[PDB]
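Enquirer: Listed here are the chains, written in short residue letters.
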Amino acid sequence: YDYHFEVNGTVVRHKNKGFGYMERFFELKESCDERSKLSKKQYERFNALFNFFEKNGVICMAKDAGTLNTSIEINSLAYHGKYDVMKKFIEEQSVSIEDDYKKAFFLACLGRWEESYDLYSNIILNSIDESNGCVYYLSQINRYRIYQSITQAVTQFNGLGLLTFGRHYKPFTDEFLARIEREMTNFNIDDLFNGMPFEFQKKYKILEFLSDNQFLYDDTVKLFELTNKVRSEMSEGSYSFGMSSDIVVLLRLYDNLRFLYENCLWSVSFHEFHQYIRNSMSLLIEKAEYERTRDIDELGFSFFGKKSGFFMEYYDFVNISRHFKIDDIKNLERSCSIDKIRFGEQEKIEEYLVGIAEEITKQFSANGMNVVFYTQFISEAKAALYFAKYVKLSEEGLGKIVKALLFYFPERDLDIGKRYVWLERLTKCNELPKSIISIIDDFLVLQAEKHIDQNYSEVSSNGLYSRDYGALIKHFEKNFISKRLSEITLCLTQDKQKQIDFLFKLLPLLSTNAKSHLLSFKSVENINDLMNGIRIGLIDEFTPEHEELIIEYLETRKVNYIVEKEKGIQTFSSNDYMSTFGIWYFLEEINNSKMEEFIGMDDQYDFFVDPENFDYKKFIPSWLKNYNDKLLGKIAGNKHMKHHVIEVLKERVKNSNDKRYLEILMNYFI
Amino acid sequence: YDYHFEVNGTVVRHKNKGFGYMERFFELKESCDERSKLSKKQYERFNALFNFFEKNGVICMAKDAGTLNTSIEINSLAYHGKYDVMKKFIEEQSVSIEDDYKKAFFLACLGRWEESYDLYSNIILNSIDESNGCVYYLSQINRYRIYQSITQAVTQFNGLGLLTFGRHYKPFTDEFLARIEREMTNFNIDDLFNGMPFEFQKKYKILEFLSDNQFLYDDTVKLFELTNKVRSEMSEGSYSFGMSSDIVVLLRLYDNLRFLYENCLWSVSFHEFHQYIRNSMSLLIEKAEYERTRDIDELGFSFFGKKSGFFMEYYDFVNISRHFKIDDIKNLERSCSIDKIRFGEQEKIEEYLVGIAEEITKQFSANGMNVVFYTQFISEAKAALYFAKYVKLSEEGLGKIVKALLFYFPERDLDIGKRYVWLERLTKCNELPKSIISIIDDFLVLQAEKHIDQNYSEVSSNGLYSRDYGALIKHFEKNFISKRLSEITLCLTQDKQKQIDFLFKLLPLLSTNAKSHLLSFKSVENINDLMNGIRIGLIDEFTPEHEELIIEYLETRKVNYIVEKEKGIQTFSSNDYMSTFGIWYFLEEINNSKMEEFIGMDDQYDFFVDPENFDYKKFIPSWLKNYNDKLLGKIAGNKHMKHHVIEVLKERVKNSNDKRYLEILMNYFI
Amino acid sequence: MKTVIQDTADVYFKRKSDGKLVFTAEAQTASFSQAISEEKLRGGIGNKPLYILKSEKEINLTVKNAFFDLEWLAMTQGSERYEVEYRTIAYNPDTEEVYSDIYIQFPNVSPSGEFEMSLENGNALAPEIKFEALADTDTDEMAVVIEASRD
Amino acid sequence: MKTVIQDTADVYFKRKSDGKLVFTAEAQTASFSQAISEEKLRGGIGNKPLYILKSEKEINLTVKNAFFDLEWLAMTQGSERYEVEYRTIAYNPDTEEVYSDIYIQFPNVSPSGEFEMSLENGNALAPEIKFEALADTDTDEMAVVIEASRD
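Residue numbers (my numbering), protein chains in the order written: chain X, 1 to 670; chain S, 1001 to 1670; chain Z, 2001 to 2151; chain V, 3001 to 3151.
No lab work stands behind these hints: they were computed from the structure.
In this text, a Cβ means the ideal position worked out from N, Cα and C, and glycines have one as well.
You may find that some hints are simply not true.
Unchecked claim - Cut-off 30 Å, straight-line C-alpha distance, at most; resulting in silico cross-link-like pairs (DSSO-like, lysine-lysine):
id, chain 1, residue 1, chain 2, residue 2
1, X, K630, Z, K2016
2, S, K1306, Z, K2130
3, S, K1389, X, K306
4, S, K1340, X, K307
5, Z, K2064, S, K1307
6, X, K17, V, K3048
7, V, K3002, S, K1625
8, Z, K2016, X, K505
9, X, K382, S, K1229
10, X, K474, Z, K2016
11, X, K102, X, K306
12, X, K382, V, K3002
13, S, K1340, X, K625
14, S, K1389, X, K229
15, Z, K2048, X, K325
16, X, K654, S, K1392
17, S, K1625, X, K659
18, X, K325, V, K3002
19, S, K1474, V, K3048
20, V, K3040, X, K650
Unchecked claim - Sample of chain X residues facing chain S (criterion: CB under 7 Å; computed from the structure):
id, residue
21, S211
22, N213
23, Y217
24, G237
25, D297
26, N655
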């Protein structure tokens, strides 16, 4: 506690009273003539000290501090995610203990936890007879962390494994867990540093924090202090001269990442580390969002002209791809213009994402499923793909990404609507040439041919299905003939009701001969298929038979409502057409006045069917989000639906932070 | 770690592989017959245990828990802030060692650290005669904490306090400083617990965490995790059933306050503790405001179909006054709409503010005012008075707080403009009785009498003075006209000049003979006469009498601007009179055509006086903030450039969450 | 008795085509949310339509209490997509009497969370798991609610 | 060398009636905020254009150092204003060369120190001090600047 080493890289004296042994070192550093007055022994000592200090990031002191330039460079093979070179390196005969240490860290990173304990045992037994306690202490930490990992993995395996994984998985052998429990039953962590030789405890005080959990604790307390400070700063909208709260956060963040990774300790892959990384990154992106829209009153242009916007690099991409969670990502992007921030040096992030795709293909192609490595990698890959939509990606890279995503990804964590939305946002930034169109064609062919039997039930989180898959293709491509489904239709004789209907929703992607053949033996007038026939306008305008079927469904719905009200039951359905009758009657699609006989059944039905006599207190404000733009245009022309929606917009716009409501108010109603 | 105890009092099996004797005790608690199955000794131990547990609120175990209502009570006289009771209690003769410890804590709370340190030494000396361990450890921690208080206090007195006060108020004899420095030279508290005999650590291991600084670090990290969870459910429209992640925050805040208050520990008066309360409380108000307004389809109100509404109580107000600051209250007000929240327990609040008021009056009435107590009372008094905005005041209470704030509050910590802000801040939610009229009147009188000097300046950071006090008086009731006050302030046989500046000050409360004397004693004309008289009574409907003055002012600013252009020094000139002059030009208040000779030198002037030839790329969003109301509507009736202001307001409103921007854009422009 | 104000709920999960009791009991978190959104996935159509009212819609929910079951766990030790039913009690603010019970059931569900806690400190069990609301083309799905208090 | 981006600033204090000088070599946080907001009444009365805009103006600053200067501090050891003159520089993004210096001067400043910095652990000094923009009743004051970059 004699000096402070600030995050910037300066030195501040704390408790010294005699000679300043610290500042004289930098005095010798700056001077050149006085360098030569040391002997050869002292010269080589000073050279060693110089290289050590330059590599560890210390530069100069405050009284000599000016415009400093700090950087981070991680050479650890784990961070770059080149698993191939790791499985190449492990196939090598080690020469020293440090090589074994790096190998054990590798097997821990590759998810091969089993023999990782064996290598830890080897390094523990072959290290006692030498004077370097760093390796021994690090081995202790690694083996304890591994043991805890096995215990928690077994706990969550026997807890919910049988239900989430489909079938129970026992990757860990019984004798191994029995032996590790027998030898771990009486191991405490609070005494490792105290109960190990004196020399380690004086010479290496610098390794004390790794003993207990207090190192993450003391990182997180400072992180939280910075979170409060930054939040207060955005609330007040002040300025930060010199160094700012975000650069110090980022520098401590990078320094912690580098130290935690390079020295090859396993604690980098756990939930608390995830929270640290996540809250730091979330603060960074949120402040980047906020600084974009600073008002600037009289001062900003003089100092910060041509705003140096935050540039997101590969170092800023891999971490987000690795640790975040999809729920957290959709939490964050709803409060920021995530599209706006630039993306520099796309080549290395491209190679990163292509690497994920290729090793995903290699892993899932093999019959050997390494479940242990499988657990902690799904979220990594999903976050990588989620953030991959925010970068222009090479055409060959796009092809690899789409061919991996549509083919090799499991159905377990990727619903059909999920996969579709993911690919849609991916294609938002990149064009649609013949390649990715061809992969989507191959995929829809594969899913269509897999559905031929009478028990291939299909599910989706949103009931999206291949309908909108084909709709996207029709939205980009125009004359797509689909010789494959054309042949499939040519081979579709009869007694394939599920197969016929599912492809029937893919009508625009068929050929003229294919659609002519499919028109026969087609499901004639199913009410749901009436809705599907006028989804986009297959049957362009309403026919009287369609209205008769609509009134039949309305009678069924009203008798069902009577039964439910007798039983006191309220139902919510994804196939709620209740709004739809009111909508089509509102815009004169149907001229039948029988719709008024069902007023009071559904709140949206009442709102749309009877504008004059609707109870405007029953107007849920979440209904406007699901209306078309021209529906919003026509809703601002009728006097009945005018006096109240303006007030509703007025009150939600000040009682909510949802910008879509503001857009609806601004663009259309005013 | 045998069992994990919840914040609500429930217990769950943690490390039990045998008999769950919590379960046995719980089933014995509800079984009177089994209670009677114990003899007198065991029955007495059982009932002592029952009293102790109900003091800690141990209710039951998890699986039998239904609805639980844990009580919250603080008996500590310090928490209630009865300082006179504290002085009376210490004044009594010492009785027992617990009494000695409590009275030492009382000295600490009132601030007299000098004597309390000696008392702590005395009790640590005399403790050996009773063989009690807890007193020993608490006295050690108190001594450590008080030494920190002293050393930081004296260092900031030497460093900054001299600049703040102007006089070096040394509160300690140097002999005491030498004593405390000599006695504690190389003591590190980490081994304080480690050195106390083993019988203690088998008995009082629980109080260990209080030793190191982690005693706050643990709860800080846990609270930060709860904040993360709360913000995670923040922007999702969440509906968490039962004990939601918010109630636990208030529970933990209360239990931590009870632990750190009722045991007579001095860690209350530091920043590190204050962080806990300020953050937990801010989160409470945040989620309360969120819960106030939301949208639901059918089931949103079905879940937990009631809300506590965060009904604030006297405990909450004590927290308000104790652990916040003016700035923090400011971002609370900016963030949440505290004005809507409901005030509960309307009675004890006036006891609290009356106690604060009388403490101020006795502190600053006689020549004896102790800087030691002045160190800590300022923040609490400021917080209480500043938040007293929404209290429903009582006649005697409102009078007491008002003359307490005006009369006896130190003038160094607040200037006249800020008193002016604070009184309206009190009067916002209530009316102005004759009592307030009389008190504020007398304050104006003796304050005008206070500043009449030769070299005094009466500087203010807000620029508003007692004339504006009279202005608010009139704005609520102008029937009272100045009685003899203008007479006593108006007796001047020419005499000096500063009283002349405060003479036209109080114009709208003056006698008719007083304004006749005004007319005799020089006319109504000055550069500051603009924002003095045109501020109060002249204002409009004629002002060509100052056309020569505005021409001269334009000439001065013209030579200023041309010198700036020649040199490049720019300037600023905050009290922008040309702004008011351009406003006059726009508002038809100026018909002369020589103002067009001044285009191109001021941003607002160019925007105002030259609608046709003002470039619109030099837009300023800060002007969108304030505006006006009636002339804002006038300029909203614009024809040529109606769309540019609307467009810039649109751009700011979409890109900013400021509700006042929305109010300005929607109320008049729409 | 001063100010906490607590309540309780009850959570059940079933399985299709069998009367199987394989799930936890009592939700400490019981966090519930509803998500409805729309995008430009149909930024262009052949015009003259009626509408589609896509609205996406999504429901999320999570619990953590453990000790799910042991007998049926043994029988499964040697894909119906599961079934969930809920029981909650509502009180009248005027009387605060036990008079109404709320019935909630979702036919299709999917518990999909991370299969890794990876925590340094020993936990008190409670493996929190989130749930999602699936859908099929057939009919209904999502929520069917029955209201008690026929008094 | 990759991405940090740092700069510096200079802060000079002075009290009137003589050319006394305190200075801070750096100002780490240096939070600068100008707040302009209005107030609540409804006086109205049609023949009264409000023209308010509530100019008011209050400025918040922040300074940290370890230097109070030794000459007269020891003289007082054994209310004439505290004016501050900020010093700083600016750069041209096209050239990134030292060509411009910026001077900020305030002629009415009153230090506003909060007297409860007292904390739990020994920190790296940093006695955070905040100021406030004061104003007399005469005219002008506060905002005045000097601009370099003549070339």
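Enquirer: Output the numbers, in ascending order, of every earlier hint that fails for this structure.
Expert: 1, 3, 4, 6, 7, 10, 11, 15, 21, 22 and 24
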